[PDB]
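Sharing a structure below in structure tokens format, with a few things to ask.
Only one protein chain is missing; all other protein chains are in place.
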Amino acid sequence: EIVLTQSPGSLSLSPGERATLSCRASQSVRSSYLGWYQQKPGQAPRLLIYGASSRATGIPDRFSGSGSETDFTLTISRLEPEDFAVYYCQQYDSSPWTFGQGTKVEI
Amino acid sequence: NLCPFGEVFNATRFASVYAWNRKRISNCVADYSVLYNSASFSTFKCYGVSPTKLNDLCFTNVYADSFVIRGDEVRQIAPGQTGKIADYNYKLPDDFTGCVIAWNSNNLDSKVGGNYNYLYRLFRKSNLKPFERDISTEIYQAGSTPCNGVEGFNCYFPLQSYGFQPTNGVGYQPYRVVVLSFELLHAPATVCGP
Partner (left out) sequence: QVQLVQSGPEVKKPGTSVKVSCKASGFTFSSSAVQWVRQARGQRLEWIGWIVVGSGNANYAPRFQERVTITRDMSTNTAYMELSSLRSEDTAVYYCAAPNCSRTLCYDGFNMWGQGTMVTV
């Protein structure tokens, strides 16, 4: 069981400035076997990036990812009104594929 | 004198479809009427030749391809077919000459505890060429990222087992398939019927 620490639990920030989200792993995880999901309230999650630094299709250039063995970071250049949702990371490296606590971004 | 057809068709354990034995038959007389008129065969379909002219005809080489496939997959061993076996395990050329022979081997291969010895290739980058034998156990690359020899997501074991059970229906019973390929070239026809 690879526990995924999440910090911060909540994030209150105005639109237009930068944001830094943190996915912390108990032990090292392969960079390729990871993805980020945006869950809007009352909706299914939707993949944004895979392999830490590779943006998935249909996502604009503003979203970006930083890759490292034990540290993973998602950065949004410009906050938009529809981009306020709960973000989750997942590791495909080792079973079970755990999910993070989830960071809520609001204003 | 007589060709060793009996050894090929009475062998105690046959091979898996992915690695199929290739025996070249030469320098002997081939009796076909014992096999053709046998009451122990379920399928005897000839392609490119007539079923009774085999005795008259003389060929340079006879190749016996022996593999175990599942009941529903017997129809795939023919020229111009597609499927898990036809494309990834055993491909015949379009100008195939010979006969495809199959019989029900449920009481020989199936085990009550589960027969897992037989395997078939499930994942391959491209379809096989005619009579191509692929025996690699290399990890399948489903995506654009490297597996590095470790399984998991998008990295799977290419082989898969059949899982033959004595309580399955006819479509899932094991059937042994011997394919007699007739190859003629510019050499003396040392193989001839009686």
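Some notes on this structure:
Just so it is clear, A and B label the chains in written order, and each chain counts residues from 1 on its own.
Quick note on the criterion: a residue touches a chain if its C-beta (ideal position, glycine included) is under 8 Å from a C-beta of that chain, and two chains touch if they have at least 3 such contacts.
Touch with the chain omitted from the figure is made, among A:13, A:19 or A:47, by A:47.
Only one residue from B:28, B:58 or B:122 touches the chain missing from this view: B:122. In the complete assembly, the contact with the undisplayed chain comes from A:56, out of A:11, A:13, A:19 or A:56. Although one chain is not shown, part of chain A still touches it, namely residues 1, 32, 35, 39, 43-47, 49-51, 54, 56-57, 88, 90, 95-102. Hidden from this view is one chain, which touches chain B at 122-123, 125, 142-145, 153-154, 156-157, 160.
Just so we're on the same page, only the chains that are shown with their structure count from here on.
Centre-to-centre, using mean CA coordinates, chain A is 50 Å away from chain B.
Only residues 145-146, 152-153 of chain B touch chain A when the two sit together in their complex. Of all residues in chain A, only 32-33, 51, 92-95 touch chain B in the complex they form.
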